[PDB]
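One letter stands for each residue in the lines below.
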Amino acid sequence: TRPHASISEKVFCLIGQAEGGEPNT
Amino acid sequence: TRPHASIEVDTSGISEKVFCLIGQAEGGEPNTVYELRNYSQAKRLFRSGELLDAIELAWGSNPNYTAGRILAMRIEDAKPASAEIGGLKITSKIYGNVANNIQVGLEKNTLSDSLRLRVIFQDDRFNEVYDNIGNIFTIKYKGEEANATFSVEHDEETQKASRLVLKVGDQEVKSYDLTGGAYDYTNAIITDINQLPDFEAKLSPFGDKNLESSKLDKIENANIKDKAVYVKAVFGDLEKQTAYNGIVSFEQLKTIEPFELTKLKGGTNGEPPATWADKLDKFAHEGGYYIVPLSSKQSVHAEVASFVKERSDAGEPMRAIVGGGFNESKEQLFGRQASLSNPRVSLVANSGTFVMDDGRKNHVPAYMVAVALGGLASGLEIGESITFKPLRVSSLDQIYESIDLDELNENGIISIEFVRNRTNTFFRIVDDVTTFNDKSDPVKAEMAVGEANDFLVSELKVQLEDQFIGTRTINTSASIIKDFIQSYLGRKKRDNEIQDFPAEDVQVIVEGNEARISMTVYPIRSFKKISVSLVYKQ
Amino acid sequence: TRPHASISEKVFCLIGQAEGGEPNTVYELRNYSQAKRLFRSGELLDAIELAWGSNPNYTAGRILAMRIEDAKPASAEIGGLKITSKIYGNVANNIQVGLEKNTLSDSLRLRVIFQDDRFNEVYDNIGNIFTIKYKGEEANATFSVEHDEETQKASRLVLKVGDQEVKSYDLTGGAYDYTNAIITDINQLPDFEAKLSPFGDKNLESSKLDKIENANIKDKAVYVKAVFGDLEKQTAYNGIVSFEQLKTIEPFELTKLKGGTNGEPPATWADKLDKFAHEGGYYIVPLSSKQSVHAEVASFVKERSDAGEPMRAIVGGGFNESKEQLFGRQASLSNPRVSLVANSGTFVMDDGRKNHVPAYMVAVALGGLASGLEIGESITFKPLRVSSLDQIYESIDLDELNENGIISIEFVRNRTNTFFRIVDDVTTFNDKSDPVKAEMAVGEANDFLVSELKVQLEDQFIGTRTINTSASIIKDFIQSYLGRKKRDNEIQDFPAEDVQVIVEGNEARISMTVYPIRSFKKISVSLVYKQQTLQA
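Residue numbers (the authors' numbering), protein chains in the order written: chain U, 12 to 18, 32 to 49; chain P, 12 to 25, 32 to 270, 298 to 582; chain T, 12 to 18, 32 to 270, 298 to 587.
Simulated from the structure, these hints should not be mistaken for lab results. Where a beta carbon is used, it is the ideal one built from N, C-alpha and C, also for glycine. It cannot be assumed that every hint is accurate.
Chain U side only, calculated, beta carbon under 8 angstroms to chain T, not exhaustive [unchecked claim]:
no., residue
1, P14
2, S17
3, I18
4, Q41
5, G45
Listed next, the in silico BS3-like pairs over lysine-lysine satisfying Cα-Cα at most 25 angstroms (straight line) [what the hints assert, rightly or not]:
no., chain 1, residue 1, chain 2, residue 2
6, P, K505, T, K581
7, P, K34, P, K353
8, T, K572, P, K526
9, P, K433, P, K483
10, T, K307, P, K191
11, T, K232, T, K125
12, P, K177, P, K159
13, P, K505, T, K573
14, P, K323, T, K374
15, T, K242, T, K257
16, P, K572, T, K581
17, P, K353, T, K573
18, P, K157, P, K125
19, T, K581, P, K537
20, T, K307, P, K184
21, P, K232, T, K307
22, T, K581, P, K488
23, P, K235, P, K110
24, T, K405, P, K526
25, P, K526, T, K573
26, P, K235, T, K309
27, T, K374, P, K353
28, T, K581, P, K483
29, P, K326, T, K405
30, T, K159, T, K307
31, T, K405, P, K110
Model the full structure from these sequences, guided by the hints.
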């Protein structure tokens, strides 16, 4: 991996359906 | 020499980017790149065939624009024509079959006890003679002893000249070392004989010889009272006579001997190579951008395409333009496209005819229209497109017309369109679409957008490098990166290299070991659809 | 001798095979012309001239050059002289010398020739140091010199008049050491006279007078000669050739010198690498070809590290080496402070010639760069100024060579211009989590810091005043040093709480922590293109 160039305090939560991402995390 | 004035009525030519051509032609030393800056230089490095007709086309495909400097390579392992005749290895500076026409001979002159050399070659009208070979200088002794001589002995380990000695009877009058010493150039002998009482030595008037003294030949006890005999040194005089000129060179295996005027042998272009990648490797660091191979073979098209992708992965963007055959069919073309559907490649269909400047109404294959096209595309300013530009082609051997110029262009194949008048040559090129399958993305799809991206990207790379990748200190967080990048983008908008950019839509993230950047740019590219509407008030 | 007018820190070393200079000595070169006066041809000279022109902006400092051949001076014993040349090696056989007798002076004349410098000046009226006369009416008068028989140096000079001795000149008992004292003192006499040579500032000693007696003199101007001493004074202090006397000096023809020889290729360089042990040259670039000498340089740098002195070696390998041949050097050259360079290319030398360059000399390009740069600065991504280079290795190859600890080179394309830059400051060391050893510039920052820290610990505590300096005092002194080094920004940060020291009789043990300046090696970008509106 030699060096290179490659080219709000109120947190908000959600919970619902989605076709992606592992659940329970 | 003396002060003077000169006027050459130079026949040269009868600009930013560089253009690369690899093809077949019958001259020039093989497997080394050349830079061509002048057509009249190409007619002299090379001689005949596609590589030269390609260059004569590339630098004339448009009456106002023209290609930059050209890099060339020959696709042949041409041997040089040579022979062993006499005690000399004769080798021709030409590489290829053409060199077999060369003729060399030697004859000895009685009136000067020297050789006369003749070299002849037909196509360059070269037929000249060199005479008095040897004769490097004379001596006459002037003392009044009965009969005096001189001698010149070799270094028996190397056949180089070792001493020059003057003998009056049995007495060594004088002597000089020739294995280097004071007398490395013959000039010092020409003083140090004359300045003695009993001897004088003088040069021949035909040119300054002044050879390196180790090149004389072995002689012993030659009378120089009854005669003004020559010192000979017959081989090393050939370099002073002929080295800087002409077509032939001479090398020693042994004694030099006369021979009849005889032809050479072994000038062979050889079989064409079964693969082009090994020689294509040499363009990797010569600074090209646009490359075209001068052949219809499908293996060459796949090797060049894979080569361009390998270069693009290693910091050097490149692009290939390819043609195929003599008037190919749709089935053949889409067969070539489907096998070669990667970006940074563009495929051309038509095969044209060009009025070549000899007066030569040349019917020309598709991979040569790709030269004419690639030459024009390379010469223009960065970010312009071949889109709707005219080409100086004479006529086309073609199938494709307006409805086909939907079909082919929609599938990513370029073609030239016939417009009946006023537009300079009646012919303009419809698009700059690449061979990549998916047309939705313009950077991949359309050549000019890519060609503007590739150099813009390199500049962002190079400027970020020394400002940050140098790692001069960590105490320069991500807020400074936003300052540098907005300053950088502000220059590109001012310099017209981009259309516009939003300044307050830049996001930077950093973790000390790595920085992450996000930015948006609004690109600049040629118009392609003009929808102008008309209304009135009746 | 009369008053008249007429018209960086990191020291660098070079050592290799070229023509010229004394065998087994180090020379402090500081300009191009000084180099060409010392050496004549060889890769050492290209390396020197490359060091001060690998980059126009960054350039090396002082150059310590060594020419590693057991060379001999060319000599030939002829006439009455131990003729010897100053220039050791093969080249000196090209010298020619002759001593011609010249009759109007009744002297010798010297001509020395050497073709590469076309030297060819002449030294004339050799001998003939001064002239003598007598005026008086005495019919018989004469001059003589008599010698110390144990050395045949002259010990008396005498004048006779009227067939008896007049006066002694005591040629070791005063001012008569120098010939002038005889010429003045004769000029004080009533009727004896003498005049100095019109040929120049001879002022030779009387010790080197030649054997001569009963020179009949009155109506004459006879020369005293002193030939050998005149040869030394008028010639030995200039030019290529040197003379010593064996046997009497007399004329002989123009002839070559002989036996000048370079010797055999050096088998071991270690006992000649001892000459750098006190000049402190930090970077060293051996031009040695073979892996055997690279291991010797590696052993040498390790031995100087154990001695306390920091040094680092940059090395190259062959022509057209493959990855694996370079891995076989990397494994056999394992220790840190040794830096392996890959490719072999070409450079545009002083001549304007397209010189081919092996990796042994391409190493000099990085050595000239790292010695030019500021201390602690990284060699990474700086230009290299190379005309052509066997450099087909691609981006994935750079990662493989770099990970394995092999310095590589890259082609980079600007807008229109191009240039070649060096892709990482890595060493030949294995461990990825130890940047003090894995990164040349970090090791350098550590070395130069430690060279000062050692000395300031000596001056403070091995003043040896008393054991009563308890560990709290050492704990304070480390705070002073870490504060002074933070002030000059040589360290990023340090935790002042983490200084622990224990003292036991004459022995102390120390521990601490330092935040070194962190790098910024990787940058990633996410570049997006969007449509846009512009309107009336």
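Outcome of the hint check:
Annotation: interface hint on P14(U) holds; nearest CB of chain T at approximately 4 angstroms, less than 8 angstroms. The beta carbon of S17(U) is positioned within 8 angstroms of a beta carbon in chain T (closest approach about 5 angstroms), and the interface hint is therefore held. Below 8 angstroms, beta-carbon pairs count as interface contacts, and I18(U) has one with chain T at about 4 angstroms; its hint therefore holds. Hint on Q41(U) is violated. Least Cβ distance to chain T is approximately 28 angstroms, over the 8 angstroms limit.
Interface restraint check: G45(U) against chain T, minimum CB-CB distance 21 angstroms, threshold 8 angstroms, status violated. A hinted pair counts as satisfied when its Cα atoms are at most 25 angstroms apart, and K505(P) with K581(T) qualifies at roughly 21 angstroms. Between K34(P) and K353(P) the alpha-carbon distance is near 20 angstroms, which keeps this suggested pair within the 25 angstroms criterion. In summary, the hint linking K572(T) to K526(P) is supported, as the alpha carbons are separated by about 18 angstroms, within the 25 angstroms threshold.
Taking the CA atoms of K433(P) and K483(P), the gap is near 21 angstroms; set against the 25 angstroms cutoff, the hint holds. A hinted pair counts as satisfied when its Cα atoms are at most 25 angstroms apart, and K307(T) with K191(P) qualifies at roughly 15 angstroms. For the given pair, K232(T) sits about 20 angstroms from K125(T) by alpha-carbon distance, which is consistent with the 25 angstroms threshold. With a C-alpha separation of about 29 angstroms, the suggested pairing of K177(P) with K159(P) is violated against the 25 angstroms cut-off.
Between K505(P) and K573(T), the direct Cα distance comes to roughly 12 angstroms. Compliance with the 25 angstroms bound is thereby established for this hinted pair. Restraint check for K323(P) and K374(T): satisfied, since their Cα atoms lie roughly 21 angstroms apart, inside the 25 angstroms limit. Annotation: proposed proximity of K242(T) to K257(T) is violated, straight-line Cα distance about 30 angstroms (limit 25 angstroms). Between the alpha carbons of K572(P) and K581(T) the distance comes to roughly 17 angstroms, so the proposed pair stays at or under 25 angstroms and holds.
A threshold of 25 angstroms between alpha carbons decides the hint, and for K353(P) with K573(T) the separation of about 24 angstroms falls inside it, so the pair holds. For the proposed pair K157(P) and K125(P), the alpha carbon gap of about 24 angstroms is at most 25 angstroms, so the pair holds. Of the pairs offered as hints, the one joining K581(T) and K537(P) holds, with about 15 angstroms between alpha carbons and a cut-off of 25 angstroms not exceeded. Between the alpha carbons of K307(T) and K184(P) the distance comes to roughly 21 angstroms, so the proposed pair stays at or under 25 angstroms and holds.
Pair hint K232(P) plus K307(T) holds up; C-alpha atoms about 20 angstroms apart against a cutoff of 25 angstroms. Between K581(T) and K488(P), the direct Cα distance comes to roughly 15 angstroms. Compliance with the 25 angstroms bound is thereby established for this hinted pair. For the hint linking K235(P) to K110(P), the alpha-carbon distance of about 31 angstroms lies beyond 25 angstroms, and the restraint is violated. For the suggested pair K405(T) and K526(P), the alpha carbons sit about 45 angstroms apart, so the restraint of at most 25 angstroms is broken.
For the hint pairing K526(P) with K573(T), the CA-to-CA distance comes to about 17 angstroms; that is within 25 angstroms, so the pair holds. For the hint linking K235(P) to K309(T), the alpha-carbon distance of about 24 angstroms falls within 25 angstroms, and the restraint holds. About 22 angstroms separates the Cα atoms of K374(T) and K353(P), which keeps this hinted pair within 25 angstroms; it holds. Pair hint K581(T) plus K483(P) holds up; C-alpha atoms about 16 angstroms apart against a cutoff of 25 angstroms.
The straight-line distance between the Cα atoms of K326(P) and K405(T) is roughly 18 angstroms, inside the 25 angstroms bound, and the hint therefore holds. Between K159(T) and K307(T), the direct Cα distance comes to roughly 48 angstroms. Violation of the 25 angstroms bound is thereby established for this hinted pair. Only pairs whose Cα atoms come within 25 angstroms are accepted, and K405(T) paired with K110(P) is accepted, the gap being roughly 21 angstroms.
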